[PDB]
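Coming up: chain A.
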Amino acid sequence: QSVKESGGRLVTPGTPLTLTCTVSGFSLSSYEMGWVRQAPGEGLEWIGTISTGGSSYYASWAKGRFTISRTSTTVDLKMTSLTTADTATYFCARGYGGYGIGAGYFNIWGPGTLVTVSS
Partner candidate 1 sequence: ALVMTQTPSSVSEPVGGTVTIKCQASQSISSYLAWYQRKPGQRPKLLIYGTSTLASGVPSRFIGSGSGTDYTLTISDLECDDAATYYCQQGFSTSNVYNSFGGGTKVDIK
Partner candidate 2 sequence: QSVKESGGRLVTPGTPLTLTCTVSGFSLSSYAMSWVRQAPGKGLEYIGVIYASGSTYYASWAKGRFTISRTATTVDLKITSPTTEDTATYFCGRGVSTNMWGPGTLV
């Protein structure tokens, strides 16, 4: 299997924008998702991902900003309050064991969409 993505759109600063990770043909419960960004000129990044039953945890950069939730059909991170220089590409990842072991590179995920805020 794999996943497809949506939500990529140019925007002005000051606007909250969401996404949607479209799943395809696998178990909604028995895996954990993931998120990583990279603008061209740097490497891979923070996020830290979902729990399988409910509330999750993430990194310490944007504590209070991102309110990632889950339904039985899709997953989505909510980007409420943003900055401007962050113009990168998101990837709805998928780990295997403990926080991405057995998917140490990662197992199965999609090509991702580029988002960019620029006047």
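Selection rule, in plain terms: all candidates are chains of the complex that A comes from, given by their letters.
Assume a residue touches a chain if its C-beta (ideal position, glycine included) is under 8 Å from a C-beta of that chain, and two chains touch if they have at least 3 such contacts; residues count from 1.
Enquirer: Could you check which of 1 or 2 is in contact with chain A in this complex?
Expert: Among 1 or 2, only candidate 1 touches chain A here.
Enquirer: Where on chain A is candidate 1 touching in the complex?
Expert: Residue list for chain A touching candidate 1: 42-46, 48, 57, 59-61, 91, 98-107, 109-112.
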